Amino acid sequence: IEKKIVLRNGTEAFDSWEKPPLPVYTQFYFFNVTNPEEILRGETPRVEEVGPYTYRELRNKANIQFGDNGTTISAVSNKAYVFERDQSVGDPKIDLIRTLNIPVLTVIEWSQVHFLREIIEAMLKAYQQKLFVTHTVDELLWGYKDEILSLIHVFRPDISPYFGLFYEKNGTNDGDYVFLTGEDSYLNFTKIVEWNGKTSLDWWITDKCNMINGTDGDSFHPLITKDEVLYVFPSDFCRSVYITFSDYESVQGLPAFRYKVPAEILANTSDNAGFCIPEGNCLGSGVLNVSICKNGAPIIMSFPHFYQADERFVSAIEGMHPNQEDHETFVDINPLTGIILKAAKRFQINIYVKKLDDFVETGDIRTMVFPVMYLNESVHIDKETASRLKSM
Amino acid sequence: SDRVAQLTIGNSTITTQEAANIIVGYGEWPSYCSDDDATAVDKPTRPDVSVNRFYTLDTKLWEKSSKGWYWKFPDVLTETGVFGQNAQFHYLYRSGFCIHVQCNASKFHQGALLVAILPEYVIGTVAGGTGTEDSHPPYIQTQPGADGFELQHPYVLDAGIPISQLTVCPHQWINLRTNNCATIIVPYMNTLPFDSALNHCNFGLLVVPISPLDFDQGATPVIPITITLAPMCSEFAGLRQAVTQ
Ligand SMILES: *[C@@H]1O[C@H](CO)[C@@H](O[C@@H]2O[C@H](CO)[C@@H](O[C@@H]3O[C@H](CO[C@H]4O[C@H](CO[C@H]5O[C@H](CO)[C@@H](O)[C@H](O)[C@@H]5O[C@H]5O[C@H](CO)[C@@H](O)[C@H](O)[C@@H]5O)[C@@H](O)[C@H](O[C@H]5O[C@H](CO)[C@@H](O)[C@H](O)[C@@H]5O[C@H]5O[C@H](CO)[C@@H](O)[C@H](O)[C@@H]5O)[C@@H]4O)[C@@H](O)[C@H](O[C@H]4O[C@H](CO)[C@@H](O)[C@H](O)[C@@H]4O[C@H]4O[C@H](CO)[C@@H](O)[C@H](O)[C@@H]4O[C@H]4O[C@H](CO)[C@@H](O)[C@H](O)[C@@H]4O)[C@@H]3O)[C@H](O)[C@H]2NC(C)=O)[C@H](O)[C@H]1NC(C)=O
Ligand SMILES: *[C@@H]1O[C@H](CO)[C@@H](O[C@@H]2O[C@H](CO)[C@@H](O[C@@H]3O[C@H](CO[C@H]4O[C@H](CO)[C@@H](O)[C@H](O)[C@@H]4O)[C@@H](O)[C@H](O[C@H]4O[C@H](CO)[C@@H](O)[C@H](O)[C@@H]4O)[C@@H]3O)[C@H](O)[C@H]2NC(C)=O)[C@H](O)[C@H]1NC(C)=O
Ligand SMILES: *[C@@H]1O[C@H](CO)[C@@H](O[C@@H]2O[C@H](CO)[C@@H](O[C@@H]3O[C@H](CO)[C@@H](O)[C@H](O[C@H]4O[C@H](CO)[C@@H](O)[C@H](O)[C@@H]4O)[C@@H]3O)[C@H](O)[C@H]2NC(C)=O)[C@H](O)[C@H]1NC(C)=O
Ligand SMILES: *[C@@H]1O[C@H](CO)[C@@H](O[C@@H]2O[C@H](CO)[C@@H](O[C@@H]3O[C@H](CO)[C@@H](O)[C@H](O)[C@@H]3O)[C@H](O)[C@H]2NC(C)=O)[C@H](O)[C@H]1NC(C)=O
Ligand SMILES: *[C@@H]1O[C@H](CO)[C@@H](O[C@@H]2O[C@H](CO)[C@@H](O)[C@H](O)[C@H]2NC(C)=O)[C@H](O)[C@H]1NC(C)=O
Ligand SMILES: *[C@@H]1O[C@H](CO)[C@@H](O[C@@H]2O[C@H](CO)[C@@H](O)[C@H](O)[C@H]2NC(C)=O)[C@H](O)[C@H]1NC(C)=O
Ligand SMILES: *[C@@H]1O[C@H](CO)[C@@H](O)[C@H](O)[C@H]1NC(C)=O
Ligand SMILES: *[C@@H]1O[C@H](CO)[C@@H](O)[C@H](O)[C@H]1NC(C)=O
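Just so you know, the sequences run in chain order D and S. Going by full-length UniProt numbering, the first sequence opens with residue 37, and the numbers climb by one from there. Going by full-length UniProt numbering, the second sequence opens with residue 79, and the numbers climb by one from there.
Because the hints were derived from the structure by calculation, they are not lab data. Each hint should be verified, as a subset may be incorrect.
What the hints assert, rightly or not - Footprint (simulated), chain S over chain D, 3 or more residues, beta carbon under 8 Å:
1. 159 to 173
2. 305 to 317
Said to hold, decoys possible - Under the rule of at most 25 Å between Cα atoms (straight-line distance), these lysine-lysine pairs were calculated in the BS3-like manner:
3. D:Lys426 to D:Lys378
4. D:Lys161 to S:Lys138
5. D:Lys234 to D:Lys40
6. S:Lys145 to D:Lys161
To be verified - Here are the simulated distance ranges between beta carbons:
7. S:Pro299 to D:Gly103: 56 to 62 Å
8. D:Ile100 to S:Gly207: 47 to 53 Å
9. D:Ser186 to S:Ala116: 41 to 47 Å
10. S:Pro299 to D:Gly87: 51 to 57 Å
11. D:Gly355 to S:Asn89: 41 to 47 Å
12. S:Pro271 to D:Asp127: 55 to 61 Å
13. D:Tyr163 to S:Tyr110: 52 to 58 Å
14. D:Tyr163 to S:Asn268: 25 to 31 Å
15. D:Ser186 to S:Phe186: 42 to 48 Å
16. S:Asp136 to D:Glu204: 35 to 41 Å
17. S:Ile87 to D:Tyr163: 32 to 38 Å
18. D:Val118 to S:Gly207: 32 to 38 Å
19. D:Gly78 to S:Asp136: 41 to 47 Å
20. S:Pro302 to D:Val118: 43 to 49 Å
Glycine included, C-beta positions come from ideal geometry on N, C-alpha and C.
Build the full structure now, drawing on both the sequences and the hints.
As structure tokens, then:
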């Protein structure tokens, strides 16, 4: 009986989950636009993959509360990022990154839904902006004062004038989580059951599409087989994904079942027809509209470099060359103990663009999907703590 | 003999055959600066035809849920025509205005507007919502230009003053059962006899629907509001190169 792995105060599996001892390394990759005016004239874009930007992460758990005689647990999962310099190319507070301007493409979206229409259309007209800007790395990723968003703030005081890709994510949580420990059964261990009081999602089409499955992805339940299907709900992708078996791997000196995120998460299936909002008209295979769960920002979540996606988007951007080894998402799990050995979460943040005649900053741009950034969040178990798990 | 009018000045005339009456703001016509008042010692330019024209500026659509609009004068005309060229070359400026706002509708539509002037219409903000952060309005809310700007809280006119007593200032109503236009002749009101045309905006034209538009479905749902204005007795001074702002 492997009841040793539970979330009980007095166990060493709860100590690993409250405070994760193994560091998490995230490398931020960017896309640099080489011909920015020619995209406004209507030519094919040409980009450049720029990195690596190694951040070392920090993890803990706060507000841990028990209940229902020990089987239900609810806590928050904070996440703080600390940059590492020797594992990165250059100093990020000087490194200028030229890309799209996401706030001025956000507020064009707000004019399309009549959310502050004549206020925003007076901003971009009298204050002429740029579709393509150039800021530093720490500005574009950790908050920067936008021109137009500082003007919406005096009309609407709820809008934050600072935009960032991961703004207010240093030392803050991504929801009030509640889990299910393995005091009742070892099939459902630390499984997400509700989210901020709400049972499941509410913005998708069908009630099958709303269902949150599985865990957050920090550690799984043990006794993993080859034929079962594991389910993962990250808070960034805004649905629950699954993972399929890939091959036989060898982590140091322990068993491993390599599971990878398949193409059928975002494929063109009859199940995934209901994840294109509103009426199932999809932009393509492998992409996902996530504009609801980013407070109105026109963001697309997809694999890096359109991997396992449509080819007519690959030929639209010069520099998209996806392959298996470099731009997938995988996880190494110990099949006997469920401790994640070596994972790599790689997802691309894209910004949708289209030529609209009421905004004369878009030029003559083609309707397409544009590359902005992606990142490899990697976790890894070192030599000493691998030999601690070789005994059990 | 009051419903039908014609306002010709410059080379541009406008006819109206369902007017109310012309009101002259504060009981006096716009006039030139006398030598009792003038302090600048260079001879002013007075174009007298090329800038005293009815400039038709923009067209605001008025639906059933509108709030109200405002135009800061004379910054609606510092981008337009020979007025916008003389006001950018010359530092000093004075003029009156003949302000004519058209809004026609059928004999089944209803609703009333309060097109009113008010001098030195300064704009406040919502002070960060709760009222503790000293936020100043942006340059486009301050001086929107010929595009106009829509009021956020028309009950307080974005300045903490109620619209219920806006009727003190020179105004007249456009209710669609009686009239379709509203002429307001405004003199030059300012302390000092000339001023800059790019910084100081002497007054603002508040156009607010008080009684809302209403019509049964089947009638024409597009009811525009176009304002035309004419600088009367305009004169400029202090010639230098072109500033735009
Ligand atoms: C990812 O994901 C995301 C998420 O989803 C997405 O996003 C998206 O996007 C899209 C695109 O854009 C969108 O859609 C859109 O939308 C829009 C908007 O809507 C909204 O808004 C509105 C407004 O309202 C206003 O107005 C009115 C009157 O009209 C009034 O009454 C009110 O009050 C208001 O007022 C205000 O404002 C104004 C402005 O101007 C001002 O002035 C004043 O002052 C005030 O303030 C609204 O209404 C709406 O609402 C809705 O909803 C609600 C709920 O709550 C309800 O209740 C209601 O009823 C409604 O509903 C209805 O409607 C709608 C429409 O609107 C529909 O859809 C539905 O179904 C129902 O029916 C909202 O909120 C819109 O507009 C649009 O629409 C359009 O389009 C379509 C297609 O596309 C079609 O079908 C339609 O029909 C339309 O069309 C139209 O329009 C155009 C433009 O404008 C034009 O041009 C044309 O021509 C047409 O017109 C025609 O028709 C009409 C009828 O309709 C008539 O009347 C006329 O005359 C003519 O004949 C669209 O839909 C969306 O939204 C979004 N989302 C959300 C959620 O939102 C994205 O996309 C993705 N991505 C990708 C890539 O995909
Ligand atoms: C997180 O994810 C990122 C990517 O998302 C990973 O970074 C990549 O890591 C791989 C492997 O370490 C790197 O691939 C290596 O690239 C070398 C240079 O490649 C360039 O030049 C070749 C021509 O030689 C071009 O074809 C190619 O397009 C590149 O322009 C190769 O020489 C390496 O080859 C080695 O492995 C192959 C594997 O088949 C062997 O055949 C060879 O003999 C050789 O041993 C290798 O392919 C890749 O460059 C990295 N990308 C970036 C942007 O850094 C991170 O490793 C991953 N993890 C972490 C913790 O960040
Ligand atoms: C992404 O692409 C963009 C453009 O495609 C690129 O932006 C440009 O980078 C260069 C190089 O950093 C910038 O040029 C510098 O500008 C400063 C400011 O005036 C100058 O002082 C610099 O002069 C130095 O030039 C030499 C070194 O390059 C030295 O020998 C010399 O003595 C000077 O010290 C230099 O010209 C340029 O300003 C930007 N352009 C914009 C619009 O930002 C960006 O670097 C790319 N990013 C990455 C990560 O590759
Ligand atoms: C969250 O998990 C639930 C349950 O694990 C998922 O619901 C199930 O989704 C599968 C999709 O493969 C449905 O299977 C379907 O079965 C029919 C035959 O019955 C087959 O023809 C289809 O091709 C498909 O395979 C299954 O019916 C469905 N069950 C229920 C009760 O809804 C759900 O999809 C998961 N959601 C997310 C976002 O992960
Ligand atoms: C995110 O917040 C963390 C927490 O303060 C920052 O990490 C520390 O920053 C201080 C600042 O001098 C330094 O001691 C180290 O860089 C970090 N200390 C530890 C113990 O980790 C971090 O800099 C913040 N990062 C961003 C991008 O905002
Ligand atoms: C994704 O799959 C749907 C479902 O088949 C596609 O919609 C059909 O597309 C074909 C053309 O390839 C049309 O002839 C059919 O009339 C469409 N049917 C429906 C119900 O929409 C959709 O085109 C696919 N996506 C892409 C990008 O090809
Ligand atoms: C865990 O340790 C002891 C066990 O009773 C208790 O005093 C302590 O408060 C517990 N910690 C939490 C966070 O509940
Ligand atoms: C998880 O554990 C077992 C196995 O599925 C099941 O009986 C139990 O109801 C599950 N609970 C939840 C919340 O999924």
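Going through the hints against the structure:
no.: 1; hint: 159 to 173; verdict: holds (count 4)
no.: 2; hint: 305 to 317; verdict: violated (count 0)
no.: 3; hint: D:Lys426 to D:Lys378; verdict: holds (16 Å)
no.: 4; hint: D:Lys161 to S:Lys138; verdict: holds (16 Å)
no.: 5; hint: D:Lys234 to D:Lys40; verdict: violated (31 Å)
no.: 6; hint: S:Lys145 to D:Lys161; verdict: holds (21 Å)
no.: 7; hint: S:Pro299 to D:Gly103: 56 to 62 Å; verdict: holds (57 Å)
no.: 8; hint: D:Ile100 to S:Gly207: 47 to 53 Å; verdict: violated (35 Å)
no.: 9; hint: D:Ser186 to S:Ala116: 41 to 47 Å; verdict: holds (42 Å)
no.: 10; hint: S:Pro299 to D:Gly87: 51 to 57 Å; verdict: holds (54 Å)
no.: 11; hint: D:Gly355 to S:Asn89: 41 to 47 Å; verdict: violated (59 Å)
no.: 12; hint: S:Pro271 to D:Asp127: 55 to 61 Å; verdict: holds (59 Å)
no.: 13; hint: D:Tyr163 to S:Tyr110: 52 to 58 Å; verdict: violated (38 Å)
no.: 14; hint: D:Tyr163 to S:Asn268: 25 to 31 Å; verdict: holds (28 Å)
no.: 15; hint: D:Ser186 to S:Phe186: 42 to 48 Å; verdict: holds (46 Å)
no.: 16; hint: S:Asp136 to D:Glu204: 35 to 41 Å; verdict: holds (40 Å)
no.: 17; hint: S:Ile87 to D:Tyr163: 32 to 38 Å; verdict: holds (35 Å)
no.: 18; hint: D:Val118 to S:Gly207: 32 to 38 Å; verdict: holds (35 Å)
no.: 19; hint: D:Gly78 to S:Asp136: 41 to 47 Å; verdict: violated (31 Å)
no.: 20; hint: S:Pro302 to D:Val118: 43 to 49 Å; verdict: violated (58 Å)
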